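So you can see what is in the structure, the chains are spelled out below.
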Amino acid sequence: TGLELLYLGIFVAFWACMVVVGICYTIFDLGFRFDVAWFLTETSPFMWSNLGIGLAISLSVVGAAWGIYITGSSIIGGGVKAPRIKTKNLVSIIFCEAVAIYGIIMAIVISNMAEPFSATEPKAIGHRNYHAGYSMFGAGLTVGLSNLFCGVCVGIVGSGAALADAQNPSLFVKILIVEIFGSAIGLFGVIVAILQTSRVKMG
Amino acid sequence: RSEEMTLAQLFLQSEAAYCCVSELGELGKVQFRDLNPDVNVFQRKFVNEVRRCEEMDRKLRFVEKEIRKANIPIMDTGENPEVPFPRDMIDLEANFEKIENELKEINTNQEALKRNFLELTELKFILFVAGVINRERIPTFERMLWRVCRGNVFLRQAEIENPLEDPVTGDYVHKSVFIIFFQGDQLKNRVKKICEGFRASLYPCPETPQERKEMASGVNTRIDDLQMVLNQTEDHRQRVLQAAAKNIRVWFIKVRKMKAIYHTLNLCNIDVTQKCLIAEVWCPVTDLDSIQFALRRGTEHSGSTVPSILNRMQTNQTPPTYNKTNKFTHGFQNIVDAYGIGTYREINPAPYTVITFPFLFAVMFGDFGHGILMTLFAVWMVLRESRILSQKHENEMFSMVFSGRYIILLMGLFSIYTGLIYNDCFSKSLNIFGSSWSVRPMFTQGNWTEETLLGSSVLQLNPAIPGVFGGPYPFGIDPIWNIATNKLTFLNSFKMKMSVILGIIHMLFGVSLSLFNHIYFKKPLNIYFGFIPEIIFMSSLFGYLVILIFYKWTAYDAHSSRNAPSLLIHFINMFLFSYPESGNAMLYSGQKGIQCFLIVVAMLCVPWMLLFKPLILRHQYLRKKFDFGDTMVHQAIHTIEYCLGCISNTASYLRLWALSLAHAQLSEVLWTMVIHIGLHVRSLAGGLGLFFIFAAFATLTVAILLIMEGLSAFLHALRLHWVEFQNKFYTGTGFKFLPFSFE
Amino acid sequence: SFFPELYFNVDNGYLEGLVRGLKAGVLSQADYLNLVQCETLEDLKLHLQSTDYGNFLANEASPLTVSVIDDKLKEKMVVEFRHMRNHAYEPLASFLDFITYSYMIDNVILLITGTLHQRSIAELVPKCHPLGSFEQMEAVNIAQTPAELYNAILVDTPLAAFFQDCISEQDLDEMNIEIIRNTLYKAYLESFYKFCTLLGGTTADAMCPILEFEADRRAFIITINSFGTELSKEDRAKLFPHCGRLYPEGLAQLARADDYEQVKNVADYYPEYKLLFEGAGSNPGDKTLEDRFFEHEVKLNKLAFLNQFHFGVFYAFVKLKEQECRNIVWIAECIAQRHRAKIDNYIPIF
Amino acid sequence: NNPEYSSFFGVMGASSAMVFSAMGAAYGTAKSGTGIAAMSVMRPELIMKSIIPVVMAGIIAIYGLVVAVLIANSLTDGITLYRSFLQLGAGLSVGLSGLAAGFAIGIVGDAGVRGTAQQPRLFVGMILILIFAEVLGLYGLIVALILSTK
Amino acid sequence: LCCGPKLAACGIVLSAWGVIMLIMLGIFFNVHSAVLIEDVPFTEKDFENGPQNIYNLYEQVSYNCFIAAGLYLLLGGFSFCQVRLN
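Residue numbers (the working numbering), protein chains in the order written: chain A, 190 to 392; chain B, 18 to 760; chain C, 74 to 423; chain D, 420 to 569; chain E, 8 to 93.
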C-alpha cells in the first residue's frame, strides 16, 4: 500500500479503458477494424521466437535466484549456533540450480530451427512458419514459468528443512521427499515444452 | 580398511595415575570413553580437584587480562613444560595468590585517581552554579532545563579538547563543563534534582565575590596540583609488580595440562573395588606398542611398581576413523573431510581427487600464459617454505593460500598444458605455421578469382571441400580459428561434446567403485539386486549417447552435409517413442530394434530395485518366525532419488563448457579493448604510452581473472568433486580421532 | 505462493535463525530432574556449566549468594536481547520496542512508588530492570503531581502515547498509582493488538490468542484483587481490556460481582476458564490461581512456536525464557533454606 | 527491402546490457556495505576480510560490459529483422540474469557478514553459497554468445 | 631507508614481466613480421600496390617495441636500487 497503490491504479484504469473501447467498437458496428488476423500476421514471427528464447532462461534464472537466497539466509542464520549443519544442507541449493540447468538446456533445444527467410507478405511466410513461431514461443513461456514456480517451491521447502534440522539432527532424512516432489513439476514443464516444440520445421 | 582395531581397554589403577595419563597424552595416541551410566557432572570422585583447578584458572586469567591492560607482552619462547604432578602445585598456587593480593591493593589506590580528576574540574572553572557533565548528554539535558524552568534560567557550555580519564573504568571518555544562572532561591533548590541525574558532584559553591573567589580557587588548585604530582608515585611500584607477569606463563601452560589430566580422570571408571579403575580407550593397532612405551614412562615416576598391563577387548559398537597424512597430501584430505566424515572401512578418495582436481581445473582453465603466471606464484610461495614457516604472519588469505600451495601448483602446471592444447595463450594462438587451408592457385582452380573487390564490404564464407584441402593438426587445435569470424560455432560445438563426454566418463569412474565395498562388507543382497541394476541402467541410457556421438563425429563426411542428422532430436525421439517416417534419417542400419531394446530394458530395470529386495527380506523374516512397509518406503525413496538425481547430475555437467567459454571471451576482450590501442603510428613517443598501457592491462587482468574468477572456478571444481561424485558410493557417516595430544 | 511467506526472510532471515538456535537453550524435564538434586549452590553452578548456560560465573564469587546468580541471569537476558535488537530493521525494530515498553512501564511505576516513601531517594536504581532503561529514568524523583510526571515522560519516552489523554489528576497519593498501572497496561495491550492486526499475515493468526489470553487474565486478576477494598466498581469497569473474548460479560457481568462465587459462576460458562478455575480450587494443598494462569501462559507460548514465518517467535521467546529464570531462582531458594519439601512446585517447560 | 524500424530493436538490446546487469551489481554493493557497518565495531580486525562480497558484485558489471562491446561492433545500417531480434534477445537475457544474480549476492552477502561477525567457522560456508550466486550471471552470458551466431 | 622493499617488490615483478613480454612482442613482430593471424591492426588504408609497404610498416611498428621495453629496462634498475636502500 506504500506504493502498490500506483500499480493497482494502473491496472484498474487499463482494464476499464479496455472495456470502454471494446463496447464502443461493438455497438458502433465498427468491428471490421478489430482484425485480430492483421495483428497476428503482420507481426513477423521472429519477434515472438526471440521473446520465447529469452524468456525460457529469464524465468528459470529468476526462480533459481529466488530459491538460493531464500534458503541461504536461513541456513546461515541457523549455522551461527549450529555449525554442524553448514555443509549438510548443500542439497537444497543443488536442487535450486538444477532448474537453471534445465532452463539452459531447453534454450539450446529451442534455439535450433532458426532459418531466416525472405518473405514479406503473410501468404509468402505461410502456415508452417506461423505455426513454428507460435509453438516455440508457447513452449518457451511454459518452461520458463514452470521452472520459476518449481524453484520457488523447492526454495521454500529447503528453508523449512534447514530451519528444522538445526534442532534435532535426525530429521534431515525425512524431509527430502517433499523436495523431490517439488522437483517433479520442474521436470514436467521441460517435457511438456519438448512435446510442444517437437514438430517445428521453420524455413 | 583405514584401521583394524582401536576400541580396547588397557588401563589399571595406580597410586600416581596422573603421571601415567600425562605421559600417555604427551604421546598423543589415545581417546578415552566411559560414563555410560550417566552419573551427573556434579557428583564425581574427582570433582574437588577440578573445582580448585577451575578457580586457579579463572584467577590467572584475571591477572593475564590485567597485564594485557598495561600493554606488556609475553615471551612465548619457552619450551614445553613438564607436568608438576604432586599436590604441592596447590600450595604453589597459594604463592601465586600472594601476587594478586598486592594487585588488589593497586585497584584500591586507583580510586585515589578520583581525587586527581576532582581538582582538574576546578581548572576549567577558571572560566549561580557550575558543574561537569557528560558531553553526549547535552541535548536531553537542555531540553529538560527548558521543561522544568521555562527559560527563567540560562545555560552556557564549554568543553575540553583533551579527553578525560575515567576514575572507574580508566576510559578517556568525553566530558564538558556547564554554567547555569538563575534569579531566585527556589531555582537553586529545584535544579539539583535535575543536575544530580547527570553526574556532577564537584561544585565550588559561592563563597566570595568573583575576584577573591578566583584567587582562592587558583591558590588551592595549584597547591593540590603539587600534591597530586607528589603522590602519583604509586605508578612506579605498580609497574615494578607488573613486570613479573612473564615468569609463570609456563606455569599457566602446565596448569592447563594437569587440569585436562584431572578432567580425563573425571571421566575414568567409577568402580574402585580391589583398586580396579579400568577406563576404555581408542588407540589404533599399529601404535599399540607405542602405548606400552608410555606405560614404562609411568613406572619411571609412579612408585606403585605394578605391571599396569591389560588385555585388549573386542566391541560390537562402531569405531572411529583416522587418516595418516604426509606433508604433500594435507590440503587434499582437509578438502575431503570438509565434504564429510567417512564411515569405518571406506575407500579414501584422496588419490583420485589429488589428480582429478587439477585436471578439472585445467578443463575449466584453458589458457597457457595464465598457467605460467599461476605456476610462478606457486613456486614463489613454495621456495620460501623455510623462511615463511619461521615467520610471523597476520593475513588470513596468506595462510589459506599457503595451506593450498600444493593444489595451486598442481593446477597451475596442468593449466599450462591444457592451455597449450587449447591454443589460446593470452587470447592469441601459438601458430607453429602448419596451416594447410588456402593457397591462391588452388582457390582459383575452384572458380574464385578477384571476388575481394565486392568483398571489401562483405565477409565471404568459403564452402569447404573444393577437393584440394583439409588436414587435421597434431599440435592441439589448428591455429587459423583465432581470427575466423565463425570460430564461435565450432568452438562451442567442440566444448559441448567435450564437456558431456568427460562428465559421463568421470561419473562412470565415480559410480563403479561401490561394488568393491559391497563385496568387502559381505552383503550379497545389496550387490546382486543392488549395484547391478544401477550400472545397467546408467550404461544403457548414456553409453548409447557416447557411442552415437562418436559415430556422428567419425562417419558423416563433409560431402553429406545436407541430410546429416541431429543427435538431440534422435535422443528425444527415443525418449518419447515417436517414430516419424520422414524428416530425419536413421543414424545407422538396424537402429529400430537396438534402440527399442535398449529403452525397454532400461525401463524394465527399475522394478527390480523398486520392489524385489524387501519381499526377500520379509521372506527370510517370516522364515525365522521389522516394519516391512518402512523398508519398502525407504528403498523406493532411494531408488526414485537415484533415478532423478542421476538425470540431474548428467544434466549438470555443462559448467565445464560455461567456464571455458567465459574464459575465452574474457581473454579476447581484455586483449582487444585496452592494450590493443598500443598499436599506433607514433615514431618517438609510442613506447612511452605503451609503458603505462601495459601496466594498466597487466594490473586489470590480475584483478579480474587471476584472483576472483579463478576462485569461482576452483570452488565449482570442488562442488563437482563433492556432489555429483560422492553421492554414488560415499555414505559419509563416521567420526575422526580427537586425540589426547596436549596443546 | 501464500500471502506473507515469500518476502519474510529478505531482511529477517538471519535474526530468525539466531533466535531459533537460542530456543534450544530451554531445559527439558531431564535437566530439571537433574538439577533438583543439587546439594549446595556450588553444585548448582557446576551443573549449570554443563548446559547451554555455561560460563557466566567466572568472577570472584567466593561467598556465592543467590543475588549474584539472579544478577548474572538478568545480565545474560539484557545483553542477549540488546544484541538481537541492534541488528534489526524498521518493522522488527518497532516490534522489539513494543516489547520493551512493558518493562519500561513497570520500572516507572516501581520508581514512583519507591519515592512515594521518602526514605529512599537514589538507591532504587539497582532494583529496576536494566532492560527498561530510558534517558529520563531519574526524572521520576521530581514529580509531585502526575501532571509533572507527564511533563517528564512527554519528550522522549514514548509512553506518553499510552496515557496522554487518559490521566487528569493534580494530587499524587499512594492509591491512584494502581490506577496508573492499570490504565497504562490497558493502553499498551490495546495498541499492541492494533499493531499486530495491522501487521497482517501469519503473525496476527499466531499472536492473537496470546494477547487475548493476557487481556482476560489481567481482567480476572483485577476483578478478584478488588474485593474488600476502596476501589469503586465503576472505576473498575473503566479498567478492563477490550481485546479478549470476555467483551459482553466483561462489562455486563464482572462489574456486578462482589464475591468469589459470582466470579466462579461467570468463569464456568466458558470451557477453558471453567477448567482453569476448577484446577485452581484454592485448597490449602492446591496451587493458587496465579500458578494455573502461569501454566496456561507457558502452554500458549509453547504452542505458538509451530509456525515458520511468524514474528512473535521473538516476543514469545523472550517471555518464555523469562519464566525459565524464575524457575531456577526457586530451586536455589530451597538450597538456601536447606529443605526440599516444596522443591517440586516448579512448572515444567518443554 | 528491409523496413526502417529494423535498426531500433537491436540497439535497444545494447542498452539493456548496460542497464539491468549494472543495476543488480549496484544493489549488491550497497547491501554489503551495511553489513560491514554492523561488523566493524565489534570485530574490527576483519574489515579487509570482507572484501570478498563487494568484488563478487562488481564482476556482474564486468559481464555486462563484455556483451555490450560485442553488440556495439555487430551493428550496421543494413540489418535484417532476424539479426535485430537475435540481438535484442541476447541483451534481455543477459541483463535479467545479471539482475537476479545481483539480488542473490546482496542478500547472501548481508547474511554472510553478519554470520561471520559471531562465528569464524561460518566463513568458508558463506563463500560456497556466494559462488552459486555469481555463476547464475554466467548462464545469461552464455546464450548471448549462442545468439551472435544463430 | 627510502622506498623500502615492502611496497616495491610488486614493482620489480611487474617490471620483469613487462620487459620479457615486450621483448617477445617486438621479436615476434619483427622477425616473423607479425603474421595477420597474430595481429589484426596495422597502419594504413590504401594497400592496393604490393607487399613492400606491409612489411615495411610492420618493421616500423615493431621498432616501437624499443623505448616501450627500454622504459622498463631502466625502471627495473631504479626499483632494484630503491630495494637495496636499507
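I should point out that these hints are in silico values taken from the structure, not numbers from a laboratory.
Incorrect hints may have been included.
Partial chain A-side listing against chain C, Cβ under 7 Å, derived [as the list claims (entries may be wrong)]:
1. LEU192
2. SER262
3. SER263
4. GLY267
5. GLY349
C-beta atoms are modelled at their ideal positions from N, C-alpha and C, and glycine is treated no differently.
Given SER263/A as an interface hint, is its Cβ closer than 7 Å to any Cβ of chain C? holds, 5 Å
Measuring from the C-beta of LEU192/A to each C-beta in chain C, is the shortest one below 7 Å? Not OK, violated: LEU192/A not within 7 Å of chain C, min 14 Å.
Verify the interface restraint on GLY349/A: the C-beta must sit less than 7 Å from at least one C-beta of chain C. Cβ of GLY349/A sits 6 Å from chain C, so the hint holds.
Should the hint that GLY267/A touches chain C count as held when the rule is a Cβ pair under 7 Å? holds, 4 Å
Any CB of chain C closer than 7 Å to the CB of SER262/A? holds, 3 Å
In this structure, only the earlier hint numbered 1 is contradicted, and the remaining ones agree with it.
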